[PDB]
Amino acid sequence: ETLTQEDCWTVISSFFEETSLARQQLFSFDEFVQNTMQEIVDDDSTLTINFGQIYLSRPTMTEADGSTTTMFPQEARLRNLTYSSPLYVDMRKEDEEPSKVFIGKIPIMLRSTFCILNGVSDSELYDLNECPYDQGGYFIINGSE
Amino acid sequence: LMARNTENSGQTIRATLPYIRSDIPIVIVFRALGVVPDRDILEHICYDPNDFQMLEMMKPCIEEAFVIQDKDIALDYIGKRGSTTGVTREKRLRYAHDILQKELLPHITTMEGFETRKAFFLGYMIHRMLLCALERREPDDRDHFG
Amino acid sequence: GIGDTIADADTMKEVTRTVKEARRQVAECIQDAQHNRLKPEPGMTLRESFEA
Amino acid sequence: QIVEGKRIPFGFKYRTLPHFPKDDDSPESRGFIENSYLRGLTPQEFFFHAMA
Amino acid sequence: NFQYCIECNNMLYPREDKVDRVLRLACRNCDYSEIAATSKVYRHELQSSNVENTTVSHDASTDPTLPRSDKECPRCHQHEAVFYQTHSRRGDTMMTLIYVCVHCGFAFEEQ
Amino acid sequence: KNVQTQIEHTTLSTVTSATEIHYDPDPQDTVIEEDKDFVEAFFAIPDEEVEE
Amino acid sequence: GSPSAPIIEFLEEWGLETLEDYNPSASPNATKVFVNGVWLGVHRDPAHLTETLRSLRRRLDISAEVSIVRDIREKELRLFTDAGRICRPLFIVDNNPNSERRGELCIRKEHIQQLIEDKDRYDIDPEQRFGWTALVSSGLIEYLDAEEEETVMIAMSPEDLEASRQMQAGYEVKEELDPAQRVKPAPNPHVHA
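Top line first, the protein sequences correspond to chains A, B, C, D, E, F and G.
FYI, this note's numbering numbers position 51 of the first sequence as 132, with every residue one higher than the one before it.
FYI, this note's numbering numbers position 76 of the second sequence as 213, with every residue one higher than the one before it.
FYI, this note's numbering numbers position 25 of the third sequence as 30, with every residue one higher than the one before it.
FYI, this note's numbering numbers position 40 of the fourth sequence as 91, with every residue one higher than the one before it.
FYI, this note's numbering numbers position 75 of the fifth sequence as 76, with every residue one higher than the one before it.
FYI, this note's numbering numbers position 25 of the sixth sequence as 7, with every residue one higher than the one before it.
FYI, this note's numbering numbers position 17 of the seventh sequence as 19, with every residue one higher than the one before it.
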């Protein structure tokens, strides 16, 4: 019972085991998402047409003479592709059921709660042409970080 | 606050209350919430004893409301948005109430029946001011950050 | 090299002596100017003529 | 070390930093190192130096 | 002292009693009129303090961030006592450094 | 010092505490609030023109 | 950021803490209470009110991002929570006194060895190798806001804390044994704990 300095590090190493660097960035976006945003659309969901909750959808791509295949960055990027996913808000006009209509697209931030990676093990990051050191924090809109 | 022109007058304090329009002495706004009668208004600012010094400064402040003088006029002296409109009273009154529920200290509460809450804050605000002109503390530090 | 930066061991004892021996010179100021026995002047003020 | 003609300024509150009492008008805290770039500088000091 | 007055609590204006020749306060709202309390009326004051007892460090003992003395708590009794000064903008408000015990609160001054 | 204190603003700088307003009917009214009063009475006693 | 609702639940409800009017003459003072600058409340003995809040952050019953303030010179007890605060994980002391005489350190070697049991991980479940993610759930390290500092008194190195504890009863300093090093400010100006 006294406590030595070499111990303090053995504590603050734990902090970087879980919290990691850039943790909040990166987290101030991991919460958007769902999140506080489904209530902000309800502050003005009126029109002499009502806005509902919004289905969460993973980042995909749709193109002519092609099909609906999700994105797999960074195998994207170079296709100068913007890395977003579609928003779908239930609209109310009355036929009991809503409408699930698409409302523009929102650019996702790499390595998030709702990203294409999140819980992916190191050995599996390579397969995808990624780098276990990347710590997210950025967007790849129009092909560039 | 003002305190210049040794000729005009006795160091009198005002307010702005965004986003329109000019300067509006303090008593005018207490009288626009639910506290028109004097004395009670000072209770929200200072607390006797008292300590007249900190209060005294009110003299010039109240004088600005020597015409208010109730609830009608108060809301009246608020016709200046703006882009040329109104006509005139009734309408003006409505705008005043709207302001008190969105503009006048927009946080706290934006409901309807909560004008007695925003009545103290102003007293609290101006409580601070008095502490500085009388030289009782020091102007907060914008350095923070903190 | 560093050696050119490391003052004599003996003669370094006498360094640390004349530094900690100037604490006592503040002690006789931090507490002696709490008994209003400065004093100050000129240029002012009293808190400043202490800092000085 | 200095700053605008006055040893390390106070604020926040009535203190140089949160590793000190209040009204600590002593060098052992307010910008003032005792060691050189050899030992050399102590945390509670290192910062004072960087901000000067 | 210049106060308000019953009925319609409001400001009180000064008013001499010529004929009689005495003090007498009143208001511009109603009519109420009470006698004076002292010859004094208004004071200037260029500034010479404004704390006296600055009531009342009643929150110093719980101020983990404050210094403390050692025995000698005039009156009451016990050891340990927190202190502190004032220093407000300008001065030179010397340093009437005061104190307060932890098991009481007697603003025991000192030279 | 003859000159040191022979070219200064001066004016009402010694009062700075200050100006008080008392209402006193008869030319022989006072109170206090302290001592004085006596001096005033002595000045009136010399009735050298009081009426004027 | 954390919801500004469930926060007043632990305030209006406890205690007593009364809103509405309560001003003419009595109360104040009687200190007040802001929250996100929203001064709804008067509250009396801040004493009980604070210690019991701070222990809500040590169990995590409330978001750990909440600051607390006790301006014993301007009254008031500001309580922020809106997003944009900055933190800084520290160690604490918790001095009642009660256990272990007076102080002192709030972690035990025990704790640490336990931490290392998770570096060797993974190898379990949740559970969950309590590696920091719990070192706050156990009231060991408090995150401090920038405005929370004002009311606090941190230490630099454990050595300084140990020396202060020894003085509280008179204990040699031993300054004639140290060798070329960062000459600290010895011993310790006042500051009992």
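Hints listed in this document are in silico derivations from the structure and should not be mistaken for laboratory results.
Where is the CB? At the ideal position from N, CA and C, for every residue including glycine.
Check before you lean on any hint, since a few could be wrong.
Calculated cross-link-like contacts (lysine to any residue; reagent style SDA-like; alpha-carbon spacing at most 25 angstroms) [to be verified]:
#, chain 1, residue 1, chain 2, residue 2
1, B, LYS239, B, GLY260
2, C, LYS18, C, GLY8
3, G, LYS77, G, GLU67
4, E, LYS72, E, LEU98
5, B, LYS217, B, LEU192
6, D, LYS73, C, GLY8
7, A, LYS186, A, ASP203
8, G, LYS111, G, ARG61
9, C, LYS25, D, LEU68
10, D, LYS64, B, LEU271
11, G, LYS34, B, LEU192
12, B, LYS255, G, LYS34
13, E, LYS41, E, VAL52
14, G, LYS34, G, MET155
15, A, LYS174, A, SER126
16, G, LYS121, A, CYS89
17, B, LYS196, E, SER50
18, B, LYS255, G, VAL40
19, B, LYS196, E, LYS72
20, E, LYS72, G, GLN170
21, B, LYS217, B, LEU271
22, B, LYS196, E, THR66
23, D, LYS57, E, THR66
Some chain E residues judged to face chain G by a derived CB distance under 8 angstroms, without partners named [unchecked claim]:
#, residue
24, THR66
25, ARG69
26, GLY92
Evaluation of the provided hints:
Between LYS239/B and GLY260/B, the direct Cα distance comes to roughly 19 angstroms. Compliance with the 25 angstroms bound is thereby established for this hinted pair. Straight-line distance between C-alpha atoms of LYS18/C and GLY8/C comes to about 17 angstroms, which keeps the hinted pair within the 25 angstroms bound. In summary, the hint linking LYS77/G to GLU67/G is supported, as the alpha carbons are separated by about 23 angstroms, within the 25 angstroms threshold. This hinted pair checks out: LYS72/E and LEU98/E have alpha carbons roughly 17 angstroms apart, not beyond 25 angstroms.
Straight-line distance between C-alpha atoms of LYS217/B and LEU192/B comes to about 31 angstroms, which puts the hinted pair past the 25 angstroms bound. At roughly 41 angstroms between alpha-carbon atoms, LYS73/D and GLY8/C are farther apart than 25 angstroms, so this suggested pair is violated. For the hint linking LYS186/A to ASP203/A, the alpha-carbon distance of about 30 angstroms lies beyond 25 angstroms, and the restraint is violated. Proximity of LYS111/G to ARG61/G is assessed by CA-CA distance (about 21 angstroms); at most 25 angstroms being required, the pair is judged to hold.
Simply put, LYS25/C and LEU68/D have alpha-carbon atoms about 22 angstroms apart, close enough for the 25 angstroms limit, and the pair holds. Restraint check for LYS64/D and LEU271/B: the C-alpha separation of about 21 angstroms stays at or below 25 angstroms, so the hint holds. For the hint linking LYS34/G to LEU192/B, the alpha-carbon distance of about 21 angstroms falls within 25 angstroms, and the restraint holds. Among the hinted pairs, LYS255/B with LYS34/G is consistent with the structure: their alpha-carbon atoms are about 15 angstroms apart, no more than 25 angstroms.
This hinted pair checks out: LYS41/E and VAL52/E have alpha carbons roughly 22 angstroms apart, not beyond 25 angstroms. Taking the CA atoms of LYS34/G and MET155/G, the gap is near 24 angstroms; set against the 25 angstroms cutoff, the hint holds. This hinted pair checks out: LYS174/A and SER126/A have alpha carbons roughly 12 angstroms apart, not beyond 25 angstroms. At most 25 angstroms may separate the alpha-carbon atoms for a hinted pair to count; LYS121/G and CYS89/A meet this at roughly 15 angstroms.
Using a Cα cut-off of 25 angstroms, the hinted pair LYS196/B and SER50/E holds, with the two alpha carbons roughly 22 angstroms apart. Our distance criterion of 25 angstroms between C-alpha atoms is met by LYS255/B and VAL40/G, whose separation comes to about 10 angstroms. For the proposed pair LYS196/B and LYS72/E, the alpha carbon gap of about 48 angstroms is over 25 angstroms, so the pair is violated. In summary, the hint linking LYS72/E to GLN170/G is supported, as the alpha carbons are separated by about 13 angstroms, within the 25 angstroms threshold.
For a cut-off of 25 angstroms, the pair hint linking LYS217/B to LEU271/B is broken: about 34 angstroms separates their Cα positions. Distance check on the hinted pair: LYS196/B and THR66/E sit about 40 angstroms apart at the alpha-carbon level, beyond 25 angstroms; violated. About 24 angstroms separates the Cα atoms of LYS57/D and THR66/E, which keeps this hinted pair within 25 angstroms; it holds. A distance limit of 8 angstroms between C-beta atoms decides the matter here; for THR66/E the minimum to chain G is near 5 angstroms, and the interface restraint holds.
Because the beta carbon of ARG69/E sits about 5 angstroms from the nearest beta carbon in chain G, less than 8 angstroms, this interface hint is met. For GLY92/E, the suggested interface contact is broken, since its CB lies about 18 angstroms from the closest CB of chain G, more than 8 angstroms.
Checked against the numbered hints above, the structure violates hints 5, 6, 7, 19, 21, 22, 26; every other hint is satisfied.
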